[PDB]
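Missing here is one protein chain; the remaining ones are kept as they sit in the complex.
A, B and C label the chains in the order they appear, each numbered from 1.
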Amino acid sequence: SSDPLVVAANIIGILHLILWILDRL
Amino acid sequence: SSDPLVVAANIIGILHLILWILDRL
Amino acid sequence: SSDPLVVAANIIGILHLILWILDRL
Partner (left out) sequence: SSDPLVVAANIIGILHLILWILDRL
């Protein structure tokens, strides 16, 4: 299986990066 | 039995995301 | 082996940190 906390970590990090890039652009 | 390291990572990432959103708003 | 999801977490985090530093400077 996969750790649900690591998936959550990825989701949070990906969203933060995406929202920040779109904010700047 | 969750990994505290991974829990810490989620707390940091989520706090950072929330603090950044609220600052931009 | 290493968890691919933890590898993705590092890649995302360090990319975000690098892009933000570069943006600011």
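Everything that follows uses one rule, which is that a contact is a pair of C-beta atoms (placed from the backbone, for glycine too) under 8 Å apart; a residue touches a chain by one contact, two chains touch by 3 or more.
For subunit C, the residues in touch with the chain missing from this view are 2-3, 6-7, 9-10, 13-14, 16-17, 20-21, 24. In the full complex, subunit B makes contact with the omitted chain through residues 3, 5-6, 8-9, 12-13, 15-16, 19-20, 23.
Everything below uses one rule, namely that only the chains that are shown with their structure count from here on.
With centres taken as mean Cα positions, subunit C sits 10 Å from subunit A.
Measuring from the averaged C-alpha position of subunit B to that of subunit C gives a distance of 15 Å. Counting partner chains per residue, subunit A has residues 3, 6, 9, 13, 16, 20 touching two or more of them.
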